[PDB]
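Here is what each chain is made of, one letter per residue.
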Amino acid sequence: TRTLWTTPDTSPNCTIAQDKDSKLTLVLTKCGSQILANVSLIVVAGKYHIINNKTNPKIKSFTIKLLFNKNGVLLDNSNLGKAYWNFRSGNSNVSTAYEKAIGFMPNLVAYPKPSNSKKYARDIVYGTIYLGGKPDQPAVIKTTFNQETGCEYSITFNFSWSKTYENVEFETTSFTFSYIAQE
Amino acid sequence: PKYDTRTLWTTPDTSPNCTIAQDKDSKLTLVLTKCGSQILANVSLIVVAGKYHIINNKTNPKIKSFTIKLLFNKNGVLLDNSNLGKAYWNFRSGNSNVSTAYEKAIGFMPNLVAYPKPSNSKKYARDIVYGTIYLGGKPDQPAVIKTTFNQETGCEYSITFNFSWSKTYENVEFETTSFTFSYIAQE
Amino acid sequence: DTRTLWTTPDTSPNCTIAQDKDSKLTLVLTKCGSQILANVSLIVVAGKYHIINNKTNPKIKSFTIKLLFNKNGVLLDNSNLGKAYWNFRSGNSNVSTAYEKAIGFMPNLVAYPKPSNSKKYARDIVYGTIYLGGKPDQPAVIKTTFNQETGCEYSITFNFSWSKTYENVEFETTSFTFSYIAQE
Ligand SMILES: CC(=O)N[C@H]1[C@H]([C@H](O)[C@H](O)CO)O[C@@](OCCCn2cc(CN(Cc3cn(CCCO[C@]4(C(=O)O)C[C@H](O)[C@@H](NC(C)=O)[C@H]([C@H](O)[C@H](O)CO)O4)nn3)Cc3cn(CCCO[C@]4(C(=O)O)C[C@H](O)[C@@H](NC(C)=O)[C@H]([C@H](O)[C@H](O)CO)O4)nn3)nn2)(C(=O)O)C[C@@H]1O
Ligand SMILES: [Zn+2]
Ligand SMILES: [Zn+2]
Ligand SMILES: [Zn+2]
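Chains as they are written, first to last, in the deposited numbering: chain C, 183 to 365; chain B, 179 to 365; chain A, 182 to 365.
Capping the alpha-carbon separation at 30 angstroms, the derived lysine-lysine pairs in DSBU-like fashion look like this: (1) B:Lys264 with C:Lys301; (2) C:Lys247 with A:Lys212; (3) A:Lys316 with C:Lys345; (4) A:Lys324 with C:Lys345; (5) A:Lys316 with B:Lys324; (6) C:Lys300 with C:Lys242; (7) B:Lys212 with C:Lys252; (8) C:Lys316 with B:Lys324.
Calculated directly from the structure, the hints in this document are not laboratory data.
With the sequences and hints as input, model every part of the structure.
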């Protein structure tokens, strides 16, 4: 009941450009009013598997969205597949889909949905991770809370890079952040 | 009833609660969550008025940093000469605070052995945490947030946030992305 | 369960990088369920890595501090960190019994496998930057890797490196926070 996650195996669970082209490893642990989060990404096939910006100069970013309903349940338009996201049990998931995880959602007062009122940057956390664990291959991970439509809550990960990478496999080191919880 | 003693915070609203250069010119959103012997901290800043609201280093090249101080007495109570106001610094209840001002929060204070006050002893850097946040959420607008534990005088404990930047920003509003860190608690 | 495993927070050397007890690694691990919240800093007090001068010694650019653990999460004697004051917290010191089990504080083996024939993924690494002497123009990279050492069941390795040409700069750092997925 304290951790929502993807399991930490290498089985693809995520669709960026094509079905199951990636394994998003995400762990959300509820430390009361904050969620401690840990994330990494392995792209296993398709467009973002091997970066070559000589061949493809404008392939410089992509986005992974987790959309949740009023119950904190994952919506199927999410890039992360529903079968792969649940409370922890051992090194696996519970075999039954969870019904409520409002306690893990980003707080809507802290991180309001888009509206006509002033939009503040505090709903974003920036980090840098490294491709293949190499220190000279940074990519930015921008995490944004509750800015997607078609949901009550959202966490989006945008991965972008400014270097011209040539035949670099897109699999990442791990980043930790936190966010304020809905309840 | 539903009072959260594991979290000291400013609330997550955008109501100004902080004085940098003039009364209530900013909202400091600061959440301290006690994970036992460590405090998990989440911080952002919105400046809404005065000198640090709109930065222009073409107009004012000297305006490059400012500091926000939280000073605490022996019981972990926020002193009135802090930049943050006492009115809405308290234990969490829902998205608001508990009804009455807290009297004890020693378990949220930074550890005085890890982070000693100034003295004759050698001063170590481990009482500082550096992070970079981004103005307006734009990746080409970094500013440095330097957090320092227990280096202020006239208090038992302190947490100070220094914000600075080295770029020459032109009409860049000072409102930041969020940054998470932790520190060792006093108990 | 919600406990803290740490080095104590004094500045007494507890670590051997190049010579005996030449450093104080201050490391605090706090179990928040399936994740360990980690907080780390380093003070080198003596020896090869105390005062860096890359004008006279341009090739002195990195060093490594290893914590090796057995199947019960007990620190092994050949780790750079000494066993004497690595233990569960009591006040500003430690419990009086050296711990027997801390498997719940160990890096998860499925998330971070031990070296093998299989593909080594980068997710067993965390990168951060700390600053020498608290000076904003003195960065150094702290690279933390999980479960990549041999002769143990679990490991946490800190590699400290820098790319600036430091001239007589004392290696003592600001603090860095990270987390990792817990075995249990
Ligand atoms: C694991 C790891 O850290 N890897 C890094 C590696 C690694 O260190 C080496 O590979 C190991 O050998 O290095 C990477 O970068 C090296 C690339 C080579 N390179 C070339 C240059 C030339 N510069 C011009 C220049 C700049 N400098 C010195 C800069 C001074 O910086 C410091 C300092 O004083 O030393 C760094 C400190 O960390 C700062 N302190 C603190 C507390 O933060 C300090 C203080 O701020 C000041 O001292 C106070 O005055 O400053 N020497 N020569 C070219 C150059 C241009 N720029 C600016 C544009 C690029 O940067 C930004 C931006 O827009 O401003 C920075 C933003 O943070 C970033 N945004 C995000 C969201 O991340 C943004 C975006 O990436 C882009 O806008 C695109 O969206 O870019 N800087 N330098 N210098 N270095 C490597 O690639 O190998 C980086 C790895 O991360
Ligand atoms: Zn491949
Ligand atoms: Zn404004
Ligand atoms: Zn020294």
